[PDB]
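Asks: Below, each chain spelled out in residue letters.
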Amino acid sequence: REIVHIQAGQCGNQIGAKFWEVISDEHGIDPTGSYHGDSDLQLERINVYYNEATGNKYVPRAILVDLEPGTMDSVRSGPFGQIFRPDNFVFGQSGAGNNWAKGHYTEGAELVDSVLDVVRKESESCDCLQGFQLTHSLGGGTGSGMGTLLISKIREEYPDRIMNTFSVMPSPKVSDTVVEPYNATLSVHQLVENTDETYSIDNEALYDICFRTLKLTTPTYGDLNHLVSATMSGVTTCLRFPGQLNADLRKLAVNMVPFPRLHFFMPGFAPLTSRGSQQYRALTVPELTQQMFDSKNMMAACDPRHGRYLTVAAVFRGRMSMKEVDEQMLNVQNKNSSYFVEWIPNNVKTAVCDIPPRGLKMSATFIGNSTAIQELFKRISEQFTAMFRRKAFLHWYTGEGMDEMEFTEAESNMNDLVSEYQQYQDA
Amino acid sequence: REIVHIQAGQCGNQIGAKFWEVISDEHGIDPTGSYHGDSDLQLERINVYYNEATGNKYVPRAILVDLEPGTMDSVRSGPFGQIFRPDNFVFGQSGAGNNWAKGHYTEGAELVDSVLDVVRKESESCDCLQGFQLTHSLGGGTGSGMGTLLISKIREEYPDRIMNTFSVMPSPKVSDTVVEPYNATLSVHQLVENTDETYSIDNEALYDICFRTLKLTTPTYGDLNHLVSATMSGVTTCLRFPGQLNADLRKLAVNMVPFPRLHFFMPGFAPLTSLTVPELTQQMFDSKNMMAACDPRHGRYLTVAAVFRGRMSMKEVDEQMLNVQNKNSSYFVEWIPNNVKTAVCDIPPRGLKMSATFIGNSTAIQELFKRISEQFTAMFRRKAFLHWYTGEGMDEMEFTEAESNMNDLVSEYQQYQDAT
Amino acid sequence: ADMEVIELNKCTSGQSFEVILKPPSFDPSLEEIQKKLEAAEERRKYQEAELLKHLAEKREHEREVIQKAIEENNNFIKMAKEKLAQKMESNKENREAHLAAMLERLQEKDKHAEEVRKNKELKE
Amino acid sequence: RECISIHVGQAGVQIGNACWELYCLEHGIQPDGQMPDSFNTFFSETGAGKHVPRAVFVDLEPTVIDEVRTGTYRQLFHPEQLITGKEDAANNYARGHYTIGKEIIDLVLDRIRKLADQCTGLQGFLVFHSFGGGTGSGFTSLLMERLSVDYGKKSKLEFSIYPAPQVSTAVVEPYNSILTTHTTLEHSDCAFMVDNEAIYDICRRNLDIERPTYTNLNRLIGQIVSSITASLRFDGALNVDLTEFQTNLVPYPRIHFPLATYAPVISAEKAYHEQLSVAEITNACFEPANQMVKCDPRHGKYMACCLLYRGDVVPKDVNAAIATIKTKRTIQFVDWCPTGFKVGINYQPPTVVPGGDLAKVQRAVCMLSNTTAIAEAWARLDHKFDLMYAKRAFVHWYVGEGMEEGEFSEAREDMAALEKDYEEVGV
Amino acid sequence: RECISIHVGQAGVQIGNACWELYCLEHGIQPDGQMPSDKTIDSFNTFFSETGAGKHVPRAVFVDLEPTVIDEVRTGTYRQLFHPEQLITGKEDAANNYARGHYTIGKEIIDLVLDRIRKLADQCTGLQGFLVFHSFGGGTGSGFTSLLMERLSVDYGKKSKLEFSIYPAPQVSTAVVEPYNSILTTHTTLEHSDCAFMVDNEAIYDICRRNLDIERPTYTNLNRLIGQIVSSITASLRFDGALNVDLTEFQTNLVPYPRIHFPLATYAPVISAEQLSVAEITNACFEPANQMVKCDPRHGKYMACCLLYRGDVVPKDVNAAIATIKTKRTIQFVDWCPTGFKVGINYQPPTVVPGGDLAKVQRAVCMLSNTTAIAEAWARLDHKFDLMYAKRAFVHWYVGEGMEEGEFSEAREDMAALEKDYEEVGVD
Ligand SMILES: Nc1nc2c(ncn2[C@@H]2O[C@H](COP(=O)(O)OP(=O)(O)OP(=O)(O)O)[C@@H](O)[C@H]2O)c(=O)[nH]1
Ligand SMILES: Nc1nc2c(ncn2[C@@H]2O[C@H](COP(=O)(O)OP(=O)(O)OP(=O)(O)O)[C@@H](O)[C@H]2O)c(=O)[nH]1
Ligand SMILES: Nc1nc2c(ncn2[C@@H]2O[C@H](COP(=O)(O)OP(=O)(O)O)[C@@H](O)[C@H]2O)c(=O)[nH]1
Ligand SMILES: Nc1nc2c(ncn2[C@@H]2O[C@H](COP(=O)(O)OP(=O)(O)O)[C@@H](O)[C@H]2O)c(=O)[nH]1
Ligand SMILES: COc1ccc(NS(=O)(=O)c2c(F)c(F)c(F)c(F)c2F)cc1F
Ligand SMILES: COc1ccc(NS(=O)(=O)c2c(F)c(F)c(F)c(F)c2F)cc1F
Ligand SMILES: [Mg+2]
Ligand SMILES: [Mg+2]
Ligand SMILES: [Mg+2]
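Chains as they are written, first to last, in the entry's author numbering: chain D, 2 to 44, 47 to 360, 369 to 438; chain B, 2 to 44, 47 to 277, 286 to 360, 369 to 439; chain E, 4 to 30, 45 to 141; chain A, 2 to 37, 47 to 437; chain C, 2 to 42, 47 to 279, 285 to 438.
Because the hints were derived from the structure by calculation, they are not lab data.
No residue lacks a Cβ here, since even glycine has one placed at the ideal position from N, Cα and C.
Some hints could be false.
What the hints assert, rightly or not - Example chain E residues on the side facing chain C (calculated, C-beta under 10 Å, incomplete):
| no. | residue |
| --- | --- |
| 1 | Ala73 |
| 2 | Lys75 |
| 3 | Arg76 |
| 4 | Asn90 |
| 5 | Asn108 |
| 6 | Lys109 |
| 7 | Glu110 |
Claimed, not checked - In silico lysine to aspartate or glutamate, EDC-like type, Cα no more than 16 Å apart, as pairs:
| no. | chain 1 | residue 1 | chain 2 | residue 2 |
| --- | --- | --- | --- | --- |
| 8 | E | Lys75 | B | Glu160 |
| 9 | A | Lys401 | B | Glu55 |
| 10 | E | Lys128 | D | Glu417 |
| 11 | B | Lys124 | B | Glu55 |
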């Protein structure tokens with residue numbers, strides 16, 4: 002019924018800044034000012052994402068955390084920088100190190116409080132606080148490390164309210180660091196304990212959607228962030244729109260996660276892409292369903308073939324004959340009837356909203380709790396065990412104050428999460 | 002030599018209100034005032052049904068009891084409402100429930116006293132109290148339930164004096180409730196112990212006299228009550244008329260009921276609706300024309316009282332009546348001699372130049388109870404709707420007790436198709 | 004026949020006389050008892066003070082129905098009252114204890130950064 | 002010497018009421034009591059103007075005695091001598107004898123005694139009562155036992171109304187009859203049965219009355235009774251006293267019940283037809299159609315015969331008549347007693363109630379015969395009784411007013427006995 | 002005498018919102034509260054209180070733990086109808102789970118509601134009972150409703166409670182856990198109700214599609230239909246006329262056993278705007299297609315039948331109709347109880363919402379039947395439940411708000427029991 006946003010670490014922020022500027026456009030908000038747009042609905048739920056301040060003005064409920072100036076002055080000197088409250092920025096000065104220990108223990112918990120001090124202000128000045136959602140990288144340190152710290156420090160303060168993360172799972176192709184495995188695994192363990200849902204955005208997947216289907220040669224952190232921003236908008240829609248009726252995000256949880264551990268969703272989007280490549284809008288509903296459900300079109304690098312669907316949420320977009328949505332959606336659970344678990348009845352719910360995203372006459376987006384996710388972790392825990400092998404780059408953590416066996420512990424834990432997703436291809 | 006009247010429960014009162022307006026017309030009484038009519042006899048026995056008060060005025064000896072305002076303001080706002088003493092009405096406020104337990108125990112014995120308080124005030128200011136008669140439904144709660152309670156509380160206060168009831172015995176066709184069996188059976192047991200005569204008015208019968216012989220399509224509680232009101236008038240004539248000589252109502256009892264239990268009379272009427288003497292006898296004696304749903308063929312007559320009406324050659328009555336006990340000689344028990352007495356009265360009822376009415380203690384009645392005890396055992400079967408009583412404070416086996424008792428009354432009506 | 008009539012007495016307003024016709028032809046209620054009259058009065062006063070103590074019989078149970086009704090009602094209310102308070106402060110004591118059960122792993126993986134940062138006090 | 006009448010219970014009362022009427026006409030006493047010894051046997055010359063009957067009237071309902079104190083004659087009796095008792099006997103002996111009787115018996119018995127008190131040689135009692143019916147059977151019985159106690163020698167003559175199916179009140183009539191007649195039996199001396207059916211029959215054939223009233227019947231009975239009491243109100247040989255009444259009629263203490271046969275019963279309007287001969291009326295006496303108790307005496311035998319003539323008669327015709335009643339008939343005399351005929355003439359011509367149904371006659375006869383034939387009615391009654399009691403038919407109403415099942419047994423027992431006695435007198 | 006409505010939770014609220022609407026049309030009360038007809042200077050008085058000297062206020066209370074839905078009421082005309090008081094809202098959701106609704110978030114608001122209700126009882130000289138509208142699935146509908154009923158049971162002795170539940174359907178549904186919630190409440194909820202009117206959302210949705218032509222029927226589409234059925238049931242005792250005229254009495258006819266509450270309703274002519287014989291509508295009542303809970307009653311047996319007519323009817327035809335319902339169909343009456351048909355006629359012709367989907371009818375019927383057949387929905391539900399709990403599928407969300415694993419065990423235990431009871435009424 003009203004939610005705060007933490008946005009930490011280089012990737013966390015580059016994503017967030019785009020997310021924000023995308024939604025700010027759905028509702029219609031100036032760089033600073035307020036509403037300008039012939040639609041009316043918009044501000047029904049503007050409440051949820053925008054704590055509004057003096058004059059007109061609509062300031063977003065956003066904390067930005069980072070461990071160096073760097074990518075904060077990026078947002079402030081760029082797209083929609085005039086929007087975020089001037090002191091919802093928590094700086095860093097020091098390094099991130101691109102090192103989880105640094106982020107989670109030393110250079111991070113150094114800061115930590117001044118972030119909590121600010122989350123406690125926005126939250127304490129909520130009417131009925133839904134919970135928190137956080138964006139961040141999983142490999143590389145300030146994003147994952149301090150992030151997982153923050154959530155651990157957020158629970159405890161607010162066990163109460165629910166925990167949501169957009170967590171970009173890192174990959175060999177399009178990565179800056181030999182250590183990503185470590186950083187990812189160490190947080191993956193943290194997440195399984197401390198959040199209630201995590202959106203698994205695979206950086207691997209993202210890139211694949213750009214070469215394998217997009218004729219996009221050399222992909223920026225940009226036309227890639229564009230995917231997540233789009234994905235995020237469509238995932239959040241129900242929290243911030245209709246009157247049909249509401250999405251508690253607590254409701255989202257209770258309905259999507261059968262078992263307390265397995266909150267790992269693969270998102271997926273309907274139509275995709277960019278500039279002088281978008282010319283389609285020949286997107287149809289049939290052609291829209293097949294596409295939002297195609298493995299080639301997940302936001303996590305894993306084909307939901309190996310592994311069935313536990314529960315699925317799917318949410319369309321744009322004034323279209325939803326009479327047809329119902330029966331197309333029903334066709335997906337028939338031409339694929341086997342791949343939706345038999346023991347959770349009516350386990351895919353679909354909703355429509357009739358206000359299109369940026370461009371695009373028609374759209375849709377898909378949230379899936381799938382055991383196909385199993386594959387993702389395996390594939391990080393496979394290049395991880397591969398390093399922890401003869402204890403590779405570890406000394407960077409060893410001597411930041413961290414324990415030899417605290418890795419085996421996070422390795423163990425995650426390898427279990429693989430074991431359980433596997434336990435659930437049952438009878 | 003002077004009698005009070007209790008009139009309890011929706012049916013009880015809808016009947017009573019009609020009965021009163023019918024007789025009040027025989028004697029000739031205004032809605033309020035007194036006598037207006039060229040006849041004279043009338044007020047000879049007006050004593051018996053009318054305790055008379057200040058001015059001229061003739062207020063009837065009537066207590067009206069009910070467990071909710073409803074059908075009292077019906078009578079007061081209608082036909083002859085200006086007549087009954089303003090505080091001979093005992094209200095209810097609460098529900099009846101259409102539930103015997105409610106009427107006989109909880110919601111009823113709640114009131115009870117304020118009724119007795121009033122009966123004690125009419126009775127204590129009698130010259131020589133004959134006894135009490137009560138009208139009421141047998142299925143449905145306030146009528147039967149509180150009624151049977153009342154009579155039980157009336158014996159005990161006045162064992163002494165005799166107990167009379169017009170009790171309407173409910174039926175599948177023209178009924179409101181699934182529970183009627185229970186409510187009826189529960190009171191039937193009660194009645195067999197506490198009254199001295201009961202007129203068995205079968206609601207089933209009544210309806211039959213409207214479709215089978217009436218061309219009356221969709222019968223109200225109205226043109227049906229009209230039958231009972233007519234039947235009641237003619238049945239009571241002997242108490243409130245001649246000087247030939249009197250009918251003690253005790254006398255009625257001692258002469259009609261050979262055995263203490265078997266006080267169950269089927270009434271019958273002569274002409275009906277909304286005539287010669289021969290044609291009048293055949294008609295008052297036809298099964299098609301009883302007030303109880305039972306053909307007096309299966310079952311003989313114990314004793315019969317029959318009472319004609321209207322200035323007519325009663326020389327012919329004697330010998331027509333004798334003809335009925337011949338062309339049917341077999342169906343009047345051999346072991347009670349001269350067991351049917353007939354009387355004439357020469358002042359006609369509402370309309371009608373000629374009339375007649377018949378009271379019969381007949382073992383054909385056996386059939387009525389069987390037929391209620393048959394839809395009753397059918398329910399008590401896997402203990403049907405019983406929980407409505409169970410948890411009003413009543414006992415599991417108090418039903419078996421009333422079932423047993425009544426099934427005996429069937430057994431005895433049967434014992435009396437005997438020999439000589 | 005031809006009679007013989009013996010004349011028994013002549014009078015003022017009358018006169019009798021037999022006529023034997025043909026030869027004939029052959030050769045303490047006490048008191049005490051309205052002792053009876055009051056044994057009827059006695060057999061009445063019994064038989065009737067009976068179908069009366071039979072109605073005090075019918076009475077007492079009247080009370081007991083009205084009374085075992087309401088009596089078995091304070092059964093329902095005064096049992097459904099503490100089928101709640103001891104299933105709803107059984108429940109409140111449940112999650113309240115479970116909230117701490119959570120705040121516990123979290124006080125511990127907390128006094129753990131404390132324990133291995135006082136581990137960073139050794140690096141040469 | 003003197004002579005007290007008691008009339009107990011409706012029937013009894015109205016009968017009396019209509020003979021006292023006749024006596025008054027016969028002695029020229031106006032209802033005001035005043036006329037302008048002889049007949050002192052029945053009247054007392056109280057005050058110095060009036061005449062008061064030596065009578066007492068009792069009934070447990072006021073209705074009937076009330077009517078006497080309304081209609082002229084109202085002046086005749088003493089306000090005292092008419093006792094009434096508030097509540098009915100309700101058609102049953104048991105109530106009359108024990109329940110409601112008991113109360114009033116003490117008063118009645120005394121008031122009666124107040125009449126005895128002004129009688130210098132009181133002779134006995136004439137009790138008028140019904141056979142069936144509650145107070146007539148019941149109270150009469152109680153009375154007679156008591157009368158028997160308080161009055162030693164004094165004869166008691168009863169006039170009972172034997173009930174008939176047609177003009178009847180009650181179904182239990184037989185029970186009440188057999189009940190009283192049992193108790194009642196060894197307290198009476200001589201008893202005059204009046205079969206209501208016969209009376210009703212004489213009225214129909216002989217008077218022309220299509221359906222004869224109570225007061226229609228009573229007038230006739232008035233006559234028969236006045237014929238019987240006659241002898242002791244004018245004094246004139248043959249039954250000048252109550253002693254003589256049993257002497258002359260009843261030869262066995264048990265066998266009380268003589269059979270009366272009143273002479274010319276002929277309707278006014280016939281009033282001018284040439285009168286009937288001394289022989290005809292005499293003969294009319296031997297006609298069962300002109301009888302007073304429905305039975306047949308040319309069947310049973312005669313054990314004592316009496317002919318009470320009233321009017322214009324020299325005995326020398328009375329003789330000549332008797333002559334040919336024998337010459338032409340069923341003689342019928344029983345074995346061991348003369349061939350009687352004690353003949354009394356009382357010269358006083360019979361007067362008749364002026365607006366009545368019978369015409370003024372020149373000479374009338376009466377004939378009291380104690381014939382075994384009368385036992386026909388004794389059986390006709392018992393068979394009714396027997397066949398109700400055979401099933402306890404109404405017994406429960408008596409045991410109700412606290413009587414004994416065994417009393418019925420015991421009372422029937424006696425009628426079996428009587429019916430035997432009676433037949434056991436033949437041959 | 003009097004008669005308080007409670008609408009707990011979204012579904013409950015909107016249903017009520019749409020019969021209170023209908024009641025107002027049926028008695029000529031403008032949203033303004035004021036009505037220019039009859040008196041009040047009773048009849049209409051069972052459900053309304055003549056408060057002030059101009060207005061009419063429903064004897065109602067609305068509760069929901071999210072404001073959203075109750076808020077809408079205090080926006081759109083009717084806003085004027087209720088008292089600002091009587092609509093309670095609760096800041097935070099129930100979040101689609103009983104455990105939350107019954108214990109965690111309920112607990113708080115229950116004390117206020119229970120009292121406000123009491124404030125309505127306070128102005129009722131012979132209050133008769135409560136009509137409770139709620140969903141079967143859904144968090145506050147199952148959860149709070151339960152808590153309420155226990156409490157109501159305590160605070161109000163005799164007083165009957167009638168529940169109108171919305172038994173949930175796969176298609177027009179909110180939550181996955183729906184089954185859990187339903188079996189959970191229905192267990193607690195069970196021995197606190199007296200008689201309960203199930204409305205199978207699927208069937209409603211089916212009636213709207215075949216009989217109304219609505220390609221994909223709205224919530225307010227369905228509600229209009231339910232409004233009608235409810236108004237047909239409450240009818241009887243909103244005017245007073247012929248049959249079914251006090252709360253004990255009405256229901257003493259439907260349940261034979263302290264369990265077996267749930268009668269089956271079958272509304273007569275549902276036909277779309279843009285007449286039928288007394289015999290036709292009578293007959294339409296025995297068509298499972300025109301039914302009100304997805305099941306099959308020429309299968310199970312009948313243990314009590316009720317026919318509630320509304321409009322222009324001499325009973326002469328009503329009889330002649332019943333005749334040929336027996337000459338030409340599956341009679342089906344159970345062993346040990348008459349062959350009923352309590353028939354009630356209320357002359358008041360059926361009014362319909364003016365810009366609605368159903369046309370003004372001359373005469374409509376209702377038929378409430380307590381048939382063992384309705385147990386079909388009791389299983390159709392349990393099998394859903396059984397096969398989730400078979401794996402603790404979502405249990406952990408309840409134990410979260412501090413519930414007991416054993417309560418599921420215990421609550422299912424009862425449906426096994428019930429499903430037995432029900433089938434255990436057939437044949438001798
Ligand atoms: N002959 C004659 N018989 C009568 C008369 N009145 C009644 N009876 C008969 O008497 C019998 C009934 O006796 P009742 O005198 O009526 O009874 P009761 O108990 O003595 O008088 P109640 O107090 O009125 O009951 C029946 O056989 C009647 O037919 C009458 O006036 N004349
Ligand atoms: N018939 C009908 N069913 C509804 C309506 N709204 C929701 N439902 C159904 O009710 C169930 C969900 O109950 P809800 O009222 O939504 O849940 P709730 O907890 O009671 O209300 P919330 O506080 O909004 O969560 C599902 O079976 C829905 O199909 C409605 O307006 N009409
Ligand atoms: N999609 C997305 N992923 C990013 C972005 N920047 C870095 N990443 C991924 O996240 C990981 C590094 O995260 P980073 O934010 O640089 O670490 P931090 O600033 O110290 O928290 C690498 O595996 C990258 O692939 C971004 O711009 N968008
Ligand atoms: N004839 C007659 N019977 C009635 C009348 N009203 C109800 N009944 C019958 O009596 C039974 C119900 O009695 P009722 O008076 O409604 O119960 P109560 O008011 O609670 O005592 C049903 O079987 C009806 O058939 C009436 O108007 N006249
Ligand atoms: C798995 O089926 C469900 C999945 C999620 C939810 N929860 S929700 O209220 O927050 C929700 C929707 F109901 C919905 F229809 C959506 F499209 C959606 F994105 C969503 F979160 C409810 C469900 F029945
Ligand atoms: C069985 O026949 C009788 C029925 C009743 C009575 N007693 S009664 O005084 O109550 C009575 C009549 F005698 C009578 F002729 C009636 F018509 C009557 F109604 C009546 F009650 C006497 C009877 F012989
Ligand atoms: Mg009623
Ligand atoms: Mg008598
Ligand atoms: Mg909810």
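Asks: Would you mind marking each hint as holding or not holding in the structure?
Replies: Here's how the hints hold up against the structure:
1. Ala73: violated (30 Å)
2. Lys75: violated (26 Å)
3. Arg76: violated (25 Å)
4. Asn90: This hint holds: E/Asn90 lies near chain C, its Cβ roughly 7 Å from the closest one there, short of 10 Å.
5. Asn108: This interface hint holds because 5 Å falls under the 10 Å limit.
6. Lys109: E/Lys109 check passes; min Cβ-Cβ to chain C is 7 Å, inside 10 Å.
7. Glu110: holds (8 Å)
8. E/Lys75 - B/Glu160: holds (14 Å)
9. A/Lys401 - B/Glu55: violated (45 Å)
10. E/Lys128 - D/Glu417: Holds - the C-alpha atoms of D/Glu417 and E/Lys128 are around 15 Å apart, at most 16 Å.
11. B/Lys124 - B/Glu55: holds (14 Å)
Consistency with the previously given hints fails for numbers 1, 2, 3 and 9, ordered from lowest to highest.
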